[PDB]
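The chain contents come next:
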Amino acid sequence: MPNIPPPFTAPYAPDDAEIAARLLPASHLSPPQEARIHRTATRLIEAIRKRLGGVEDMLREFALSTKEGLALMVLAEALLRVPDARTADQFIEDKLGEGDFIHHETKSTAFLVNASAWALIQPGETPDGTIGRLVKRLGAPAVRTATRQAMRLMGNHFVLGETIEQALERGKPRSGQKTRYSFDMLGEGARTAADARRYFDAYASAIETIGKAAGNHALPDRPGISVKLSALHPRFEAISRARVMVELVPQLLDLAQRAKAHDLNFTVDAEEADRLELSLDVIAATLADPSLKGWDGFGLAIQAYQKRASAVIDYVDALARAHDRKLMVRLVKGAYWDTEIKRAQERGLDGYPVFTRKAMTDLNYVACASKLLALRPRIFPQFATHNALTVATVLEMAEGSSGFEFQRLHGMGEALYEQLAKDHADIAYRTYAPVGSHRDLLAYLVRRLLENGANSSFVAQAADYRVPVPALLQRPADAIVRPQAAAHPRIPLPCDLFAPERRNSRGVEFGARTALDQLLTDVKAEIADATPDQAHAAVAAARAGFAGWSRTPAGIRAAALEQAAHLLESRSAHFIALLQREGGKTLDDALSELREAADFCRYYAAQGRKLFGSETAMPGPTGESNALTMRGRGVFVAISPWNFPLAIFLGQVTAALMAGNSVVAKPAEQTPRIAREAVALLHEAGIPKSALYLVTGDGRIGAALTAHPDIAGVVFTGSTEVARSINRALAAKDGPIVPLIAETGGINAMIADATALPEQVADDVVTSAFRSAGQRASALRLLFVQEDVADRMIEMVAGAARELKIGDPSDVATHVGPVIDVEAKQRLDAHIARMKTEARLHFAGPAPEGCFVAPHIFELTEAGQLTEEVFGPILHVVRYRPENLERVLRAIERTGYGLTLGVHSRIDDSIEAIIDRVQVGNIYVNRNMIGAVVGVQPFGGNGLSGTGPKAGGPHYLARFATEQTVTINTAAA
Amino acid sequence: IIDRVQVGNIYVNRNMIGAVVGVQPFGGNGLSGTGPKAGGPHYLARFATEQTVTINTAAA
Amino acid sequence: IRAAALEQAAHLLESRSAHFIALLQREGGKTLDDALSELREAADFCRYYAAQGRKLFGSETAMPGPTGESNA
Amino acid sequence: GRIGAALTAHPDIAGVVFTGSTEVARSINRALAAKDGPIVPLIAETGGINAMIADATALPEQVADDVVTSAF
Amino acid sequence: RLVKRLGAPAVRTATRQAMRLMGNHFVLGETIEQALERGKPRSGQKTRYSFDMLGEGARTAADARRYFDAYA
Amino acid sequence: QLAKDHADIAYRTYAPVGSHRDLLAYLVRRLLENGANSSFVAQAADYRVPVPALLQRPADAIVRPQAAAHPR
Ligand SMILES: Cc1cc2c(cc1C)N(C[C@H](O)[C@H](O)[C@H](O)COP(=O)(O)OP(=O)(O)OC[C@H]1O[C@@H](n3cnc4c(N)ncnc43)[C@H](O)[C@@H]1O)c1[nH]c(=O)[nH]c(=O)c1N2
Ligand SMILES: Cc1cc2c(cc1C)N(C[C@H](O)[C@H](O)[C@H](O)COP(=O)(O)OP(=O)(O)OC[C@H]1O[C@@H](n3cnc4c(N)ncnc43)[C@H](O)[C@@H]1O)c1[nH]c(=O)[nH]c(=O)c1N2
Ligand code: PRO
Ligand code: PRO
Ligand code: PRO
Ligand code: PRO
Ligand code: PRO
Ligand code: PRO
Ligand code: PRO
Ligand code: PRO
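Protein chains in written order, with full-length UniProt numbering: chain D, 1 to 51, 55 to 123, 130 to 535, 542 to 988; chain C, 929 to 988; chain G, 571 to 642; chain H, 714 to 785; chain W, 142 to 213; chain B, 428 to 499.
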């Protein structure tokens, strides 16, 4: 036997043009080959257009957005499970579209997780909600018609139940009969340990159901089942690789053995690009087990839209050769394109793991198909596509042989493949039906609706009679023509996300083992207090340096900040090491703060040139010029917290510097070493020694600086109480009234209604409340959840919080590092002890020995029971009745804070009513509440959360400056 | 002189009074007050607070 | 609508300039040039803050950022 | 001024815009800082001891006009 | 051209739909007598619709007589 | 629907009646109104057009007499 291949590690995002330079000349097919492709594909499309309806047909017919399609399909599924069809019909006629629009949308969605939530109207009701807006746009009668069509789609193309047992019973064939379709199991991303067991049992149960109804033919002519690795493990991620290999591989092996005993086709689905390498590790370790010898049905899907696709085929082939197995290997284009684009941008990667032009995916798909056909008979390829051109092209390359199959999803490609079977008798195609429980439908529908609603989609275009048949027949190479056109011209690289305004900081893809190992390796390879006299001397020295720095040209100040950003990223490992050792930060938080620090420098520099680089001409009479400028105020005191000891330290300091002020900077007592390094870096980057001084020490040293009569302002990030005493010490002076800029935390809420996806709420609640041990001013402190989904949401958040690893922040697998010091831990433990006697406990995690606090979840009777910002991993939850959203919003107003607010809801009218009502500075809708990006989410709020202006936004720098008008009577000239 | 002083309104070779709204934004610093200048483009913002709305649109 | 109210206030001030000028002279002690000038300045404040008001509070500023996400 | 003080000391107001003497602006500022509620904005214009510099290249009759206007 | 753009099967479907429209919404014949016979109601029953007579722009004297007779 | 909501409503329905030699000329004109983009029946059947769009009253679309003639 040949060698087991090494762990898969292809380059993540190679250059598109170099890939196109090879694929474009090789795509050339001969004239008679291309003519047959043209004929096959024309006949296939003519059959598609012959005219059972589909999802895309419903979307097209009623001009529905994907949100509206989703709402109607959820309503449809609920209505199908009303015991009496006549009861459902009465509902559709008499109630649907008459009113209770948001109630119907909310109840029908709650039904998917809480079957008892829904059991089945004044006139003139304002049409709101997804359904009400649909009614205003189309009329209630069309909405009824659309809902009835969605009911036919949900009943014909999905195999669903309140439990997997009911789904499998509904999808059963008659005893002695084979199932006419394979099972694409619903289920992705276990959030809890209980989730992972349930999906395992569902899969095992489905394997027995399709096994008992499998016929007597050999492979390939036997049913299949499709499974997702993320469903089988609650932290399926590269940084948790060590536990995944120990925990997931036995689970996947157990299911594969159960599949083998029925001689089934067993397929591991392909998921996001940052899980490719981990999935191949798991798949290799499973396939290696000798219990799977003698069975030809094991396999996996490979996504052609990935630049690594061809290397994955090589890896899978060497795997099959090394263990002397036959594998069934599914080639798809890829279901997560939008996710991959967004992720690479957010993560500042140096490129995209996927192609960005559709024709490039189609080109690579045919090249990969040709590669897979040549690997027969060891590899049995399965070409999963509903594109008539792709099918015609793959068929022509096979040159009329067998040993492969096509694949489709129930409700798509039926006319395509029926016609193919008519014209080529030896054609096999496998049809999968989605099978699973209601609690897994929403997550599945969201992704299915993206492909069916995409404008570039082939099935959507082949069904629009506006698109001529010849348009759907252009071969990919003819659309790309030249390799330099491989990348999409309107999609910038992540490093160009803000061009030409400024550069972007670079991130790291943790799902690329080469990138993660280098980062871990680089990082692994890496103070007397001030007397009141030395602080007093620091002010005097900054005061003397003010005049020259103030008069230094803005472009020179900006150049210094941009060089500071350059040095930060060049020395990223040093600062990351400091953030981990001194700050206690996990590697993602440390990398993220380093990026934020560089982003602050570049953004304030760009803002700085705009604001202080030139004068504004004012209109006015002739013979007179009027020019408005802004100039530095004087000496700013900057006081910074320990929880962002580099980025907030540098944001405040470089803002004051950019506006032309000299700065005395007082860092938190707990984190002076990183502040010392940053100041030394700023001096090296071009900030004169006379313009910036560091003073370390106690709160009494911070007080002496802010009481000093010669300072011109204070920029402060910390607690409400210290901000007030600073404000009082400033107002007590007899000198000028100087600006105070303060950000002082929040008691930040999130509102989740029953239309939100519970697994996304859970993800975002876990992140917002427990990332960085809750040591973020933006962190979620108070979750409001509608009662109809509160049980499932609270239980999923608790199960997810239990899977967070707490420990040493330098370990790659850690999710929750220690809290800053013993005094912090003592404050948090006191609030925990108090809440245990005062409110319901849902989760109290196990904390390791040391300066750790584990995630906690408490449920309150009323929001009023939470009266302080508690700066730790401690979530509070209130469940509420949908009619009481006003009591919720008053509860949020009552705290006096207003920093962040999360809103999880499908309902735009609900989201908007919340935004209109609250004053909160940062509102995050259907995502987590943390990690504001400089120049993207200007960060800061009002009330007890501080003064503004927002850091990282366009109103920040001006507050550090004063205005000057120069009026010159020019008439003498 | 302009480079050296911090005064809010500098009038060269004319009188010092009667600032015109939107022409000479009026106001200064030190013991003369806080800013922003009345009748100028930075005035209104000081009476307001900022709000960022971030919507994950990916579901669409 | 707030801006319209300020512009209508400016319209009314100038339309009733004689009344306010008289008030500025009798109650304020202002000479006629100072009163007229302050009346003009009052109307100018209304129209200027109204125009600034539409620019500043009339619409949202879109922030750059990743695809799949809006920031306003 | 006691009624002005009651208004600026009221715990429900969200800011103060003030034009007058330095001394009163400071006491307003102190009454704001003394509150336990939010730190609210104070916008204050408080006068000046305004100078003029005239050198020997200036036209003395234009300096005179402008000094008389600006001071009286 | 319709076939190249939509495919012959869609053209067949469109033609069958046009056949339903022509049969349901038009009262036609090779002569007016056949149209009127096809558009007749049962003896003793009123026609559920009024007649918008086809016919415009006689080009010939024979045309004008034929349209007169059709109308009559 | 009108007859359902207002019982005293009368409407007359016409059918086209005539011979084949008159169909073409009739169809050409009928097809212009059914195929026109501005047509109400064409827009009320396109679900892309929201119901509120079809309800704008004519005066609100013209606003000013100088806009009566079509600008293009
Ligand atoms: C039986 C079966 C099983 C599966 C899958 C399909 C079927 C039929 N899929 C889904 C598959 O990847 C794909 O999303 C859809 O089938 C649509 O692709 P087509 O070839 O049908 O259509 P079509 O040819 O219209 O191609 C659409 C695809 O093109 C790509 N695309 C669109 N715009 C692009 C752009 N600007 N640049 C680059 N590429 C672009 C996307 O991948 C998109 O899905 C999947 N998917 C997956 O990721 N893992 C899996 O395990 C499976 N499993
Ligand atoms: C029973 C019956 C009998 C007849 C007629 C209709 C019916 C139902 N018609 C046809 C009629 O004049 C009209 O053409 C159609 O009925 C469509 O008009 P609506 O009010 O239905 O539709 P709709 O309200 O959509 O209005 C369409 C009409 O608007 C007008 N229009 C479109 N664009 C315009 C523009 N840019 N500027 C100005 N006007 C514009 C045109 O007149 C066009 O027909 C007719 N017609 C006729 O000329 N003589 C006749 O004897 C008859 N007889
Ligand atoms: O999506 C991922 O890759 C990880 C897995 C658990 C939470 N986020
Ligand atoms: O706001 C801050 O940064 C500090 C740290 C814990 C609570 N207050
Ligand atoms: O052992 C581990 O690594 C994980 C972390 C939390 C629960 N188990
Ligand atoms: O957005 C966040 O999570 C942190 C909190 C203060 C600014 N950045
Ligand atoms: O403090 C402020 O807001 C003023 C306005 C422009 C310059 N600084
Ligand atoms: O410029 C002037 O003379 C007056 C004084 C305050 C503002 N306008
Ligand atoms: O009070 C301020 O200065 C902030 C800046 C932008 C809006 N208001
Ligand atoms: O500044 C003012 O308006 C008052 C008048 C005299 C002293 N201070």
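Bear in mind the hints are in silico, worked out from the structure with no lab data behind them.
Each residue gets a CB set at the ideal place from its N, CA and C atoms; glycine is no exception.
Do not take every clue at face value.
With a Cα cut of at most 16 angstroms, we get these calculated EDC-like pairs of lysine to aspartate or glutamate [as the list claims (entries may be wrong)]:
#, chain 1, residue 1, chain 2, residue 2
1, W, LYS145, D, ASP473
2, D, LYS302, D, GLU246
3, D, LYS50, D, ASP923
4, D, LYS335, D, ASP323
5, D, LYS367, D, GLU355
6, D, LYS145, D, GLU736
7, D, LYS748, H, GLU736
8, H, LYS748, D, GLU736
9, D, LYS820, D, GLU246
10, D, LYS145, B, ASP473
11, D, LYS335, D, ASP230
12, G, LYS625, C, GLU978
Calculated Cβ distances over 12 angstroms to all of chain C for the following chain D residues [stated by the list, open to error]:
#, residue
13, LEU24
14, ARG39
15, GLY102
16, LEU262
17, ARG334
18, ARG366
19, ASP473
20, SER585
21, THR631
22, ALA718
23, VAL753
24, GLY936
25, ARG942
26, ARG974
Examples of chain C residues toward chain H, derived with CB under 8 angstroms [unchecked claim]:
#, residue
27, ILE929
28, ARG942
29, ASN943
30, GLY955
31, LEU959
32, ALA988
Results for each hint:
1. W:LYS145 - D:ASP473: Roughly 14 angstroms separates the two Cα atoms, so the pair holds.
2. D:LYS302 - D:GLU246: Given that 16 angstroms is the threshold and the Cα spacing comes to 28 angstroms, the pair is violated.
3. D:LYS50 - D:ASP923: violated, 38 angstroms
4. D:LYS335 - D:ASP323: holds, 14 angstroms
5. D:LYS367 - D:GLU355: violated, 22 angstroms
6. D:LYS145 - D:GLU736: violated, 51 angstroms
7. D:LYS748 - H:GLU736: holds, 11 angstroms
8. H:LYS748 - D:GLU736: Status holds; Cα separation ~11 angstroms.
9. D:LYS820 - D:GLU246: Answer holds: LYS820 (chain D) to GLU246 (chain D) is near 13 angstroms, not above 16 angstroms.
10. D:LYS145 - B:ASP473: Between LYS145 (chain D) and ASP473 (chain B) the Cα gap is close to 14 angstroms, so the pair holds against 16 angstroms.
11. D:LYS335 - D:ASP230: Holds, at roughly 15 angstroms.
12. G:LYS625 - C:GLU978: Status holds; Cα separation ~15 angstroms.
13. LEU24: holds, 32 angstroms
14. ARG39: holds, 38 angstroms
15. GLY102: holds, 26 angstroms
16. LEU262: At about 34 angstroms from chain C, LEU262 (chain D) clears the 12 angstroms cut-off, so the statement holds.
17. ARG334: holds, 38 angstroms
18. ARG366: For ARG366 (chain D), whose nearest Cβ neighbour in chain C is about 20 angstroms away, the distance exceeds 12 angstroms, so it holds.
19. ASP473: Holds, because the least Cβ-Cβ distance between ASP473 (chain D) and chain C comes to about 20 angstroms, which exceeds 12 angstroms.
20. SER585: holds, 31 angstroms
21. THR631: violated, 7 angstroms
22. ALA718: Check passes; 23 angstroms lies beyond 12 angstroms.
23. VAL753: violated, 8 angstroms
24. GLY936: Given a closest Cβ separation of 6 angstroms, the condition is violated.
25. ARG942: violated, 4 angstroms
26. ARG974: violated, 9 angstroms
27. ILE929: holds, 6 angstroms
28. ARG942: Since chain H brings a Cβ to about 6 angstroms from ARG942 (chain C), closer than 8 angstroms, the hint holds.
29. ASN943: At 4 angstroms from the nearest chain H Cβ, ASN943 (chain C) passes the 8 angstroms test, so the hint holds.
30. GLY955: holds, 5 angstroms
31. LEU959: holds, 5 angstroms
32. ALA988: Hint on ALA988 (chain C): violated, closest Cβ of chain H at ~36 angstroms, above 8 angstroms.
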